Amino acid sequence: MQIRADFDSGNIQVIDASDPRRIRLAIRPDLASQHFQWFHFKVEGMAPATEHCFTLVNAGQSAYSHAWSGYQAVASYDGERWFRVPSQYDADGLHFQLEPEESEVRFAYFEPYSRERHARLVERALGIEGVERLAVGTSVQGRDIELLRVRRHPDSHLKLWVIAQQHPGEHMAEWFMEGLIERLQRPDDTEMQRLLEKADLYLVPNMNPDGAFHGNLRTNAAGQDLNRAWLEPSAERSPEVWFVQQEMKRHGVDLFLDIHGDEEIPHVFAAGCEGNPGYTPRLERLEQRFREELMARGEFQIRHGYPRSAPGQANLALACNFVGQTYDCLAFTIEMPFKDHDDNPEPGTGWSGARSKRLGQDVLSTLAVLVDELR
């Protein structure tokens, strides 16, 4: 048996794989930061009719170690069909078991979104009516940060922004973007016709290509948490954010959605700008409308989430808060679970790429309903 992670988004350190009943592995810290939680590795040469038992020995020292409870690892024999495996968490770490039907299998913290798939997503987007690559930024390591614009009418007046995966380990984020973009291929989509008559979409499928490729969880190549870099961005340390901010200054913003994934909470939720000094009655109302409409259409709830910010106590270094206040627009962080969306249990897969894609499509329906109220 051999274990490796020498591929896009791979992350693992092999401790000892000599005994199938006691496979010991360790998660690797981010390129330039102590954070870690995301893991992705491949196993080959496994013996048939043999139970294999894995342990991520340093799970207890991960960035969000409390989030391991209730979490089931994801696996795949072909890289296309992903399924959850029996998992437990204790002082020795995260454990999971599988009696593989095949000699090779891969495991990951979430269904991975490769940079190769990303290129295909962009390729597909550019083949869609009204879609153009408006601008392209460059990451610390030279990778592209495409900003796509969906514009089908020269007289639209609203700019709706959606960016994803600032935190590289939250792969559900780009899956959400794939679903959103793929919906644009539909003929006779009445809701989208209405939306695009009044608005243009500004999309960034992946905000941290370096981190994703390298299997990071939280930071870009330089070790910066991009979602804490908005108040003081740097063309050198956080070029990904510097880029988006420059483009926002050029075009304007009337709506902002920052797509993320949360390790702990087993529910899809959205966090707003209630702590912003600029949190006006207008924005408070729009936040209610957004949640009300999305809850009626997609896998989304309003009971569970992050503790709200006291009036005026928001951290303006976070994208949602920064963009919302700078542009006086409706702004949310959309958070999808690494576990399952417990309101609609599907244990075999837990939250998945497919469900992330669907949420992207349901969010589009929600935007179509609110477009007349954004300004």
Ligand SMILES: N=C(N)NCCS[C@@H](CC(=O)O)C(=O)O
Second form
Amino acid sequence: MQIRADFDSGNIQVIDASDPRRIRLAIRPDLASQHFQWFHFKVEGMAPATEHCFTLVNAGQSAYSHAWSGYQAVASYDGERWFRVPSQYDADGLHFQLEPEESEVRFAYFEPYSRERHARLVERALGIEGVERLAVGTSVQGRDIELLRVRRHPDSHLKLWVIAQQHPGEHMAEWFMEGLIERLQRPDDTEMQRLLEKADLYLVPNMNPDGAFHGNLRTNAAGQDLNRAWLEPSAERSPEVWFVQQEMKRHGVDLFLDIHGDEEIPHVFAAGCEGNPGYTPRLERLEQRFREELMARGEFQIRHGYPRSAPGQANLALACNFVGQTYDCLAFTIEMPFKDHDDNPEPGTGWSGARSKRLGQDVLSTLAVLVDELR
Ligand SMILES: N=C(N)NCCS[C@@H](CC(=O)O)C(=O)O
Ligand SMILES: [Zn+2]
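Okay, that's the form deposited without the ligand, but what's the structure of the form solved in complex with the ligand?
Let's see the whole complex now, leading with the same chain.
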């Protein structure tokens, strides 16, 4: 058989694939940083009625190695239908098995979102009523960072910002954006009519095109963790973030959602700004309102997530905290799992692109209810 990762978001190093029950592979570190966890490769020429056993030998050295426990790898014969496969984790690494029904199959850490799909999403968005490309940034390697604006009423006053995938390996993030944008196509959507009569949406489908294309997990091309560059952005080292901050300064922000994915926690959740020195009772209540309304509508919960920050101990280098404090607006880091959303088990696919898309649509419903309370 032959294994390769010479394509968009591909990531893998082949050690030995001469024995179907002893396939050995290694995950490749980011272009310019030590991080790694995301993997994506294709296998071709597999024999029929044959059990194939894979091992990612260096999983123990990954960025979040403790997150491998309970994680099931994703696979697909066509690149459209993705399914989970039996996986285990021990000192030897991550292992997964499959008796392929076809001669070729792909494996990935999560259902991938290619830049080609990104182009299609942008093309689709600009064909929707009220949608325009407000601005465009440039990544370290010269790829577009589109900023889309949804404005259907020339007298609205609120600016709701949603950006995604600052960390390239968190592909569920742009899937979330696809769901959000596709909902805008609906001819008769009363909730969106109400929301857009009072607010415009500022959307950034992908914050790290270089990292995504190169199959990176954490950093942009220059090796910078974009979500640690908000306190001191650079047009040279973190142009992706520098771009967004300039646009925010000019248009204003009344809501900010930073879409991410968490390797360890098998639950969808949101991390707020309770650690901000600028945190206020107003924001405390708004965060409560958002979580409650979203939990009542989508696959979202509150018990599991990151620990809350002690008063005034937040790291302002993170987008959620920086934007929330700089603009005194409701702000959250939305986190979807690489595993499953255990509250609603669907083992066959675990968390997926489709469920990510749905969460995006349910978030829109939540914003529609809270619009009059944002300011
Ligand atoms: N409150 C913290 N420290 N993180 C939550 C926001 S995103 C976070 C997790 C993620 O990357 O998904 C990160 O930027 O590392
Ligand atoms: Zn992230």
